[PDB]
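Input sequences plus hints: build the corresponding full structure.
Read off the chains here:
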Amino acid sequence: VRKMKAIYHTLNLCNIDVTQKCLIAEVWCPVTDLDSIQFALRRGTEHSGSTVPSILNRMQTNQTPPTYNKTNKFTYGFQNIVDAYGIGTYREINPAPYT
Amino acid sequence: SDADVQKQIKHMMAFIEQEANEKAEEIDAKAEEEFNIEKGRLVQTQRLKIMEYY
Amino acid sequence: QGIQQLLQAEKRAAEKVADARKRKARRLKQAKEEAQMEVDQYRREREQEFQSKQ
Amino acid sequence: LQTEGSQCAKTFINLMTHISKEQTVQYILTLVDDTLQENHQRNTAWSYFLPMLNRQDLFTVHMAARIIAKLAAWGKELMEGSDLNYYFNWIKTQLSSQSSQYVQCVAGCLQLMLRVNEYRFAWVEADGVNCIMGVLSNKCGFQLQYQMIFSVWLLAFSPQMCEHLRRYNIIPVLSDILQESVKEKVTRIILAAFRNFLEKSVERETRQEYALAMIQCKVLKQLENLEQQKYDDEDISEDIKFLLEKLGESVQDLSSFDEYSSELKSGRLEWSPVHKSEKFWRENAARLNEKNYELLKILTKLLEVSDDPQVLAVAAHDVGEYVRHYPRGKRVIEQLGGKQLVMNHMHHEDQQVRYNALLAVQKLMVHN
Amino acid sequence: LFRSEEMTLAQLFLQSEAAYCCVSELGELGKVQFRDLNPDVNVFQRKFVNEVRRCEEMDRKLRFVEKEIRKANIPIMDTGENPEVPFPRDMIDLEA
Numbered sequence: 297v298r299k300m301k302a303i304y305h306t307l308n309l310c311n312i313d314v315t316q317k318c319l320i321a322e323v324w325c326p327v328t329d330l331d332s333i334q335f336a337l338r339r340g341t342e343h344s345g346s347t348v349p350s351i352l353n354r355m356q357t358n359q360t361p362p363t364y365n366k367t368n369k370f371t372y373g374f375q376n377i378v379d380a381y382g383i384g385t386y387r388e389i390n391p392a393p394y395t
Numbered sequence: 004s005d006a007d008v009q010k011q012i013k014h015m016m017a018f019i020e021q022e023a024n025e026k027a028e029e030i031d032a033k034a035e036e037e038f039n040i041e042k043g044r045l046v047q048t049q050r051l052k053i054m055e056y057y
Numbered sequence: 006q007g008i009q010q011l012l013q014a015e016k017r018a019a020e021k022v023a024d025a026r027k028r029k030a031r032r033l034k035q036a037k038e039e040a041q042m043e044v045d046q047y048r049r050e051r052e053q054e055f056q057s058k059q
Numbered sequence: 066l067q068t069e070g071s072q073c074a075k076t077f078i079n080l081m082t083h084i085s086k087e088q089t090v091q092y093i094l095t096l097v098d099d100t101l102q103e104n105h106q107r120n121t122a123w124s125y126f127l128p129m130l131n132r133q134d135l136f137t138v139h140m141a142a143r144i145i146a147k148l149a150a151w152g153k154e155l156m157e158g159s160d161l162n163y164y165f166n167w168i169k170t171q172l173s174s175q176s177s178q179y180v181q182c183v184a185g186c187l188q189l190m191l192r193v194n195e196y197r198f199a200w201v202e203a204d205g206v207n208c209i210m211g212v213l214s215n216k217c218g219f220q221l222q223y224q225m226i227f228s229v230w231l232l233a234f235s236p237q238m239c240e241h242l243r244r245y246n247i248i249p250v251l252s253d254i255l256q257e258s259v260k261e262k263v264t265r266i267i268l269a270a271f272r273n274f275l276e277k278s279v280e281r282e283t284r285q286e287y288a289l290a291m292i293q294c295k296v297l298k299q300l301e302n303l304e305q306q307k308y309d310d311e312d313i314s315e316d317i318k319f320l321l322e323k324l325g326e327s328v329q330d331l332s333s334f335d336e337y338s339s340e341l342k343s344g345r346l347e348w349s350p351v352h353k354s355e356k357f358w359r360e361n362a363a364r365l366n367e368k369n370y371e372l373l374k375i376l377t378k379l380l381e382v383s384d385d386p387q388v389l390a391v392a393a394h395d396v397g398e399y400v401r402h403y404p405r406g407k408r409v410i411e412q413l414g415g416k417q418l419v420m421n422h423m424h425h426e427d428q429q430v431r432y433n434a435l436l437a438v439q440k441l442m443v444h445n
Numbered sequence: 004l005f006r007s008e009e010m011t012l013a014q015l016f017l018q019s020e021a022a023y024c025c026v027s028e029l030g031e032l033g034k035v036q037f038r039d040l041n042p043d044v045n046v047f048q049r050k051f052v053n054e055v056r057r058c059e060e061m062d063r064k065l066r067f068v069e070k071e072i073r074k075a076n077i078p079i080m081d082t083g084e085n086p087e088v089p090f091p092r093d094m095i096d097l098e099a
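Residue numbers (the authors' numbering), protein chains in the order written: chain D, 297 to 395; chain C, 4 to 57; chain U, 6 to 59; chain S, 66 to 107, 120 to 445; chain W, 4 to 99.
Warning: the hint list may mix true and false statements.
Pair by pair, the computed Cβ-Cβ distance ranges are [said to hold, decoys possible]:
| id | chain 1 | residue 1 | chain 2 | residue 2 | range |
| --- | --- | --- | --- | --- | --- |
| 1 | S | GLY205 | W | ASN53 | 23 to 31 Å |
| 2 | W | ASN53 | S | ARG408 | 45 to 53 Å |
| 3 | W | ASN76 | S | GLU261 | 41 to 49 Å |
| 4 | U | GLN9 | W | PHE67 | 47 to 55 Å |
| 5 | U | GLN9 | S | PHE219 | 27 to 35 Å |
| 6 | U | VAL22 | S | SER338 | 45 to 53 Å |
| 7 | S | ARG364 | W | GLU71 | 45 to 53 Å |
| 8 | W | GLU87 | S | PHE219 | 19 to 27 Å |
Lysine-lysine pairs mimicking DSS-like chemistry, simulated, CA-CA at most 30 Å apart [what the hints assert, rightly or not]:
| id | chain 1 | residue 1 | chain 2 | residue 2 |
| --- | --- | --- | --- | --- |
| 9 | C | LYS13 | S | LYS147 |
| 10 | D | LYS301 | S | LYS307 |
| 11 | S | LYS298 | S | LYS262 |
| 12 | S | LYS216 | S | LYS298 |
| 13 | D | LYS301 | D | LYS317 |
| 14 | S | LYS323 | U | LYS29 |
| 15 | W | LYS64 | S | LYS353 |
| 16 | W | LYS34 | C | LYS10 |
| 17 | C | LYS26 | S | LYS307 |
| 18 | W | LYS50 | S | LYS307 |
| 19 | D | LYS299 | S | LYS75 |
| 20 | C | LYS26 | S | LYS295 |
| 21 | W | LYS64 | C | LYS26 |
Think of the hints as simulated: they come from the structure by calculation, not from any bench. Ideal Cβ positions, reconstructed from N, Cα and C, are used throughout, including at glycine.
This is how it looks when you write it as structure tokens:
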């Protein structure tokens, strides 16, 4: 039930639904992680019984992107110690491998 | 893959004919109550006027 | 982008429902006026028993 | 461009048959389907084109089925219903679910024939309606189920056909399709199929379609949250409010005690919504004493002499709800010794009659 | 890992029938940042505020049972196994 509440919470976060009877979502995602989401979304719509595969359009806007760091079980403590003072911007050098 | 803009016009326009035909053929099939059984209201009314001459 | 292709596509899918909403309010008037064409015709359906009892 | 197509049809009909080039004949048949889709007359020749069709090619079997549905469902003098009972048997093998890539298309050709009224009477008699029940059993009914529910929705208009289709398990099989509700257009036609069923019956046998169909199934509890959802199509929002008001009376109109008296005096004591409803037991507080408290004594008598693996839990529930609503009835069952019967029946091996009699014996002694 | 990870702002096109199944499979993967398209709306009229109430009362009754078992001291085993997401056709059956 706590999963199903979360999916219905982020569908409230999803499309205005004025455009069609379908949902549009502008999500951020890693560029090098893009084969894994498309392989999951292709078989994710198969469970619903739909013959129409959902598609993924790439945008070229100018909104500021968030940061992301590959986080292990070891380097998580050294990451949030650096992250406590200030979040890093897009593609600044993370001092956490040096920390 | 540049085929996404083709895949967009592929099956999302196939959703249009799902709304186009199958919703209008629903309304086109709503004639048995709006034409056929409303035919039976007045032809039973003027069936009295056959009998009053009869 | 893709939603600009979907805005007029939704509109033509809404329009194909919209003219179905109006031909069902048009034939509905004709359904009452085709049911009173028997007034011209079912008096001739009365006419066959006029010769029969005569 | 509009070229008063009237003449040269006999030259086209002779060309459609005699040509061994099946690639060109499929193109000849597709031009006839495209042109006659929005226009008038092109039915002895319609019977003549049927024998040359339905043979040895995947394109001509459904393209002729497109044009023979357009010919049969349109026209006054072109209405040739004697040829219709001829036609159904040839394509009934193709109407079976053993074909691939064409089960969706001939269902669309089937809907055109099932549109007009007189065509439906000759259909269901020659049918063996199990062809619909075959595909309604799980066979990937994403679009296929929408086509077949649209077919039976057409079959609900004429009143005498409603008592023809009721010799089956239709509506709880259909409510099993309703609880899925993934396509969001199958639910708009299967709620309309529930309305066209229920509205067009001139009988008291609409109550046959509650007990099989509505009150004894997981549909009326589903219709409460169907109202809570946010549908856009305005006929759906009036379809639910029509079904909720038709089934809103349908729970308490047998929740009368008469029926319950028809249940108690005749026996068999089945599971019914009259037992779980508290507005039933709000009404018949003194009605067991209106029957001179025999009506309770006939209920503990069937509780006594019979083992009843199912309806004893109903009988244990019936004495429990009365006792909570009349404290003097606790003294009544003491004079009959029915409390010691529930004491024995709560120790039964079955868990349903154990759980119901445990609530029954604990309602007897709330206060002493 | 001295430079960063780089983000895309891709755009999803999820169908109405494939609206629960894809997002639930995206949550098991866990690499998306769903952004608010309409921030200027209230807490209701978000198309799915009806059953997110119903998931909260299903959570409310389940918090009551979890209080009840530990009050009776029957400590429940975990047996760590992450289950799969329940479909909405199982959601109606869950309240019963």
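Each hint, compared with the structure:
Between S:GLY205 and W:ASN53 the C-beta distance comes to about 42 Å, which lies outside the given range of 23 to 31 Å. For the pair W:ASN53 and S:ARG408, the beta carbons lie near 49 Å from each other, so the given range of 45 to 53 Å is met. For the pair W:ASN76 and S:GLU261, the beta carbons lie near 48 Å from each other, so the given range of 41 to 49 Å is met. About 50 Å separates the C-beta atoms of U:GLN9 and W:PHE67, a value consistent with the hinted range of 47 to 55 Å.
Distance hint check: the CB atoms of U:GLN9 and S:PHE219 are about 29 Å apart, consistent with the given range 27 to 35 Å. In this structure the hint that U:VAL22 and S:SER338 lie 45 to 53 Å apart at CB holds, the actual value being about 51 Å. Here the CB-CB span from S:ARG364 to W:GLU71 is close to 38 Å, at odds with the stated 45 to 53 Å. Between W:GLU87 and S:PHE219 the beta carbons are some 22 Å apart, a value that agrees with the proposed interval 19 to 27 Å.
Taking the CA atoms of C:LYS13 and S:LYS147, the gap is near 28 Å; set against the 30 Å cutoff, the hint holds. Among the hinted pairs, D:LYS301 with S:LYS307 is consistent with the structure: their alpha-carbon atoms are about 18 Å apart, no more than 30 Å. A threshold of 30 Å between alpha carbons decides the hint, and for S:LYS298 with S:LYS262 the separation of about 20 Å falls inside it, so the pair holds. This hinted pair checks out: S:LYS216 and S:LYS298 have alpha carbons roughly 27 Å apart, not beyond 30 Å.
Restraint check for D:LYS301 and D:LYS317: satisfied, since their Cα atoms lie roughly 22 Å apart, inside the 30 Å limit. Taken as a hint, the S:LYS323 and U:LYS29 pair is honoured in the structure, with Cα atoms around 26 Å apart against an allowance of 30 Å. Note on W:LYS64 and S:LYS353: the hinted pairing holds, with a Cα-Cα distance of about 22 Å set against a maximum of 30 Å. Distance check on the hinted pair: W:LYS34 and C:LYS10 sit about 24 Å apart at the alpha-carbon level, within 30 Å; holds.
With a C-alpha separation of about 19 Å, the suggested pairing of C:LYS26 with S:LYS307 holds against the 30 Å cut-off. A distance of roughly 7 Å separates the Cα atoms of W:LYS50 and S:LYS307; the hinted pair therefore holds under the 30 Å criterion. Of the pairs offered as hints, the one joining D:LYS299 and S:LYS75 is violated, with about 67 Å between alpha carbons and a cut-off of 30 Å exceeded. At roughly 27 Å between alpha-carbon atoms, C:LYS26 and S:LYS295 fall within 30 Å of each other, so this suggested pair holds.
Distance check on the hinted pair: W:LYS64 and C:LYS26 sit about 41 Å apart at the alpha-carbon level, beyond 30 Å; violated.
Violated hints for the displayed structure, listed by number in ascending order: 1, 7, 19, 21.
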